[PDB]
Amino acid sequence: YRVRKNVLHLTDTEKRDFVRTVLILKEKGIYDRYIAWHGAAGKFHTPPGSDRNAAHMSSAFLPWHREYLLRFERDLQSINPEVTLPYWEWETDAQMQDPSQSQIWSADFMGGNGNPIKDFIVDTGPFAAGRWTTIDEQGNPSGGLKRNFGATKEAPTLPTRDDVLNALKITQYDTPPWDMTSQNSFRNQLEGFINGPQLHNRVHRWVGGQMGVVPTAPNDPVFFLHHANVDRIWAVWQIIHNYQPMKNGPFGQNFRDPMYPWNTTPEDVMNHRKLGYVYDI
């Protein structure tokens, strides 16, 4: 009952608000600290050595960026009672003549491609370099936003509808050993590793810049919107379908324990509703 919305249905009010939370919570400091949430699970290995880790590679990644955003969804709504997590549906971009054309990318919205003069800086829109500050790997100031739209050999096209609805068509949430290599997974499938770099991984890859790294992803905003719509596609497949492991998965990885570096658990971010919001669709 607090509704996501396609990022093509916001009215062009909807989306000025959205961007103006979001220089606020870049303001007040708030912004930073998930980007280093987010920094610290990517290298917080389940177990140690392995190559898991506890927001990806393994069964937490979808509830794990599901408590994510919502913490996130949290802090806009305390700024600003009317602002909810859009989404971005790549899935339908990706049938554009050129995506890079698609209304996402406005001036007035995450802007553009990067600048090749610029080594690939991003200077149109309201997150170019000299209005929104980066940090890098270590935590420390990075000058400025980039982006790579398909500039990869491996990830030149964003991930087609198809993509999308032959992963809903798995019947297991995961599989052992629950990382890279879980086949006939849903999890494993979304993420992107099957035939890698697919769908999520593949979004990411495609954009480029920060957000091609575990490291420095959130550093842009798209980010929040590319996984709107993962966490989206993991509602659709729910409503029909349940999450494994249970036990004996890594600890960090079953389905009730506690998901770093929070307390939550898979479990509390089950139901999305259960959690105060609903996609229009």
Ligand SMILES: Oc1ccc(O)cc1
Second form
Number of protein chains: 2
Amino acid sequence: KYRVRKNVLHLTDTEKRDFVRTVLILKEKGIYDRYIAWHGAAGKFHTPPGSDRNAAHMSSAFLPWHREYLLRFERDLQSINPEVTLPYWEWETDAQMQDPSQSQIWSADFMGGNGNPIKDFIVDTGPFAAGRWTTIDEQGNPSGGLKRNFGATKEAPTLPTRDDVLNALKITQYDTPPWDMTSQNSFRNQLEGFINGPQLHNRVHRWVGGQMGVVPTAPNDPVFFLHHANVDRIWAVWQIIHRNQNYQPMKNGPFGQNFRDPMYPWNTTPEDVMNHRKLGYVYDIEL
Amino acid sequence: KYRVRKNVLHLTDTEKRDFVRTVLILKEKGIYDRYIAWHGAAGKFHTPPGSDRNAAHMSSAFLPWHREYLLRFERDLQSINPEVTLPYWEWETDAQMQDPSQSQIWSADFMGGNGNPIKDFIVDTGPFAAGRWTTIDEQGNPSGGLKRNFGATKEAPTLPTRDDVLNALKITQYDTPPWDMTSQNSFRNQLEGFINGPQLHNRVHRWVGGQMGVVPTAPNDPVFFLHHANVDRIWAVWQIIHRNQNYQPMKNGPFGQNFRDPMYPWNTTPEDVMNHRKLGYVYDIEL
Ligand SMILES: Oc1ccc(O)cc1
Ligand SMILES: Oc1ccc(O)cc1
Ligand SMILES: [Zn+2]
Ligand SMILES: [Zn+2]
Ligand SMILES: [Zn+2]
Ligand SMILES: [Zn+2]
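Form solved in complex with the ligand structure, per the form deposited without the ligand context:
Every component of the complex follows; first up is the chain already shown.
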């Protein structure tokens, strides 16, 4: 209830500078790459083998997995600067602009701009531009830079809208069987973005493009954590709205997906992170 | 001190049956696959990126990483049967046999036999034969069985010998710069098996063949844990002999390799596991 996560657009200039510098330190020390690898490894961990569910996506654990992911990341931020918290990119609002690429989140003082097509869509502006921020490929080897390509896809030309977020919050059940890509009338699946996909969470990944557009490399872009902080906030709002609803499945789902199953690659269970306030943080809209 | 890890050949018939039962339960529940994935993920996590060091091999963390690996595995065994410990395969004495494939470890009541060449070296005997034990590939997808092919390689036709183990125990320094494949006069690198490789640990992997021969898939074979229990025992013996030698590097090595750096994919540091008795187990030869 103490750690306040703020909207990116409400950050001061010094708050933007401190977050950027912290992330750069976490990168130089070797800690940041641990989060890239964790996310990539979980994407390859199928529950069970044979299915297309994985520990972090395409199944009920999607939301609690990333909440724990962000929690660990934020603790590592504070270990460098105890006054830095994880902001969230409220992309729903940004979708109201006729050109979301002009949002202040993409300014040279924060996340940097779009990819440069002359340099094969390498990001050449901002603190994470090529030459200041090294990336790694699916195999864990250097890959030569951060790439982005805003809205260049036919499947995700725009960012999700406010209404899209509102319609997801109307869903009553957290998730439904068979707890995967095909779950209907499921808040988890809707928010993840497989209901007439790509929508919401999935659509944001494909809208940014570059590393963010594919699972094994997405956390190479620091905006991954800003994106998922907003996803986590939307989940927290859904939990507040539906006081008579809890995580699903409680039991008899695939191992790694139940309420008290460990989420690879950790021992953390969904129950451990079900109450985000108990984890020591809150979103600014909660005050 | 409480958990005693016994030589595989010293197990009773009921001790062999209980261990096999435990491993099968851990497999059915979905816990076993977590160890396959953890080991594969660490093999892809290079320290630093670009180099051929990884979190679990080809560097100083090789020994403490696998000790923590076995420690977690043994705790998961105990969770099922608090009287089941993890035995060790003393392959240096098996190498004394004119045909080590006749060793009792490969009996139908324990690990099962060699691969069947008629069946492309699929294991068709023992509790882990095809049809009774499913495997997964490098991508985390089912792979259709356990394969073995004893001594079929030109680089590892035999198991490491005893004198090999004795000559490794003579080394004074735990490890030397540059803390990788090329480390000379290094117990870690000799044990691991890159000094005139493949030797010792590396040679056993290549001698078994099949999944055991291949980094991302080796833990598909339950004998992986028996193999590394013997590697861990040899390390514990070296620590008793050289009681005033300690882990190296202490600092200024690659991140993830120092005495107090976290070992991906965990937060565990080498220091946390430097004293194996403090971890709650001992080898039978220590009594
Ligand atoms: O790592 C990723 C997971 C899900 C996505 O939709 C995109 C990237
Ligand atoms: O981590 C590993 C090392 C050697 C292998 O043969 C397989 C896995
Ligand atoms: Zn993802
Ligand atoms: Zn995502
Ligand atoms: Zn004996
Ligand atoms: Zn090994």
